[PDB]
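As a starting point, one isolated chain is supplied in structure tokens, in the form deposited in one PDB entry.
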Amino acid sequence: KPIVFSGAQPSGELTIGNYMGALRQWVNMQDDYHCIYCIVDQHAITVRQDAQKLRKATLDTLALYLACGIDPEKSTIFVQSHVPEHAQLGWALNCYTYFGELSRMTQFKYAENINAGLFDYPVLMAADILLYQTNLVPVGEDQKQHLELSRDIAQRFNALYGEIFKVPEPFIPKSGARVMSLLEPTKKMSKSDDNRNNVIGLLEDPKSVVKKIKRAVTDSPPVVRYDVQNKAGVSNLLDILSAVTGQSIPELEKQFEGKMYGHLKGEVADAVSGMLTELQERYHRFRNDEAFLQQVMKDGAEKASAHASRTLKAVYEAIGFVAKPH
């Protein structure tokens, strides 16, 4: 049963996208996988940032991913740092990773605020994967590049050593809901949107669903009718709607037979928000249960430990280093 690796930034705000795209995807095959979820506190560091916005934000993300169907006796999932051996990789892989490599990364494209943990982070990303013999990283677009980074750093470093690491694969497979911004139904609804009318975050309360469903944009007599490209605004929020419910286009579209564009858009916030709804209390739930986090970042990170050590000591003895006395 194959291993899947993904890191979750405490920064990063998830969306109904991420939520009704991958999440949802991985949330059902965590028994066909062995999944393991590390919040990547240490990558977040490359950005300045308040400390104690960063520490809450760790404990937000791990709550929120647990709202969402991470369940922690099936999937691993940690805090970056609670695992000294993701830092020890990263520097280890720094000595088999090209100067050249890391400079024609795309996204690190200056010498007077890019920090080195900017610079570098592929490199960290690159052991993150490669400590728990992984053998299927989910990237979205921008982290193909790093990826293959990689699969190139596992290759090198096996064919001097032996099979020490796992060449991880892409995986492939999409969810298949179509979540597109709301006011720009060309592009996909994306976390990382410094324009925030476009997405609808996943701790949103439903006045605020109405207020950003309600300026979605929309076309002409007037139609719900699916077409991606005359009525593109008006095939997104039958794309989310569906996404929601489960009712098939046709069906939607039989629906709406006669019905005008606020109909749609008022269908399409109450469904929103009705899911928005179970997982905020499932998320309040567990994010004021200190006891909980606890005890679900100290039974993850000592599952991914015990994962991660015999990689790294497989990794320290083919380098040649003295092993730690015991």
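We call the rigid core the largest set of C-alpha positions that still match within 1.5 Å between the two forms. Numbering follows the first chain given and starts at 1. Compared with the form deposited in another entry:
Comparing C-alpha positions between the two forms after a rigid core fit, one residue in 154, 136, 182, 123 moves 2 angstroms or more. It is 182.
The Cα shift for residue 275 between the two forms, taken after rigid core superposition, is 2 angstroms or larger. Positional change of residue 13 between the two forms reaches 2 Å or more at the C-alpha, relative to the superposed core.
The rigid-core alignment places the CA of residue 301 less than 2 Å apart between the two forms.
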Second form
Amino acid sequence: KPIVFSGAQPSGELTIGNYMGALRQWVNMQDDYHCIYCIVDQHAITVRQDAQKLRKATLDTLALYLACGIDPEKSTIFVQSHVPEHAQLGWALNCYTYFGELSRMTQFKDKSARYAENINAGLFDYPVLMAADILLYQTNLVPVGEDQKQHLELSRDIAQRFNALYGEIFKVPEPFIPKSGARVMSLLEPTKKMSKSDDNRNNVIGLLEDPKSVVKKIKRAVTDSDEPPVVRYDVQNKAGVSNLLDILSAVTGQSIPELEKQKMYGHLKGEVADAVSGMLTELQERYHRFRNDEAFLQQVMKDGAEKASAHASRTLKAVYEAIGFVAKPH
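Having seen the form deposited in one PDB entry, the form deposited in another entry:
So it's only the chain below, everything else dropped.
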């Protein structure tokens, strides 16, 4: 069985874009792959977090994984900072990553624009720690949304570069990007993707949004000024309507069967809202159960970090041995 690894930041409440781009695939892959899923709190602090909100968001993210169907008896689930090997491989991989590879990254430039007062070395080094997360587990396949394609390309290049110097230390990982829902767009600015960290909460549908909020947010989503108004797919010219179709389509898997609903944008918006909320209520029932069982959350983190540590330590010893470090005395 190939190995699957993927992560999400506790930087906010997971969104429907997180669900369609990543989490839905994570759940689907649990029988055909040895799946390892991580709450990457070390990545989350590359953007300034209130300390209380970060601890809460870590546990919220864990309960949301569980609520979406990530099964701790099938998959390893763990918190990144609980496994020191991630930071240790992160440093070693820095020494095999070109500065130019990092400065050219779309996320670094975009987040630097968004956080001009906190352009820190963690933001720059983000893809290297990502590569470390992935390569530690001899990962074959990495289910992510479209925005992480470039980062995953670096992970592939780093694995191959290190292997060329030292032998077959790493597996070379490949992305798994879904054909629908890989880049869900912001409701009030459909030219930019939906991001859980957005200060403007109305761009985003969180997985825990009650039915009234969903109606309100979807009703106000930016749509085009065509005359007459019809539901057609043109990302360059009907970005908002196209994103609303993508959301409903990747929620019900039909495509042009909805394109054949030839009504007004308010009919689409009422349907998206009802459909989206029907999904959440099932998820939300499991969440409110998992989130308030602290003993269960602690057991899942404990068991998951122990499982991850066994694999991560094996790869890291091999890396340290290859590089030339004196082994830690036992």
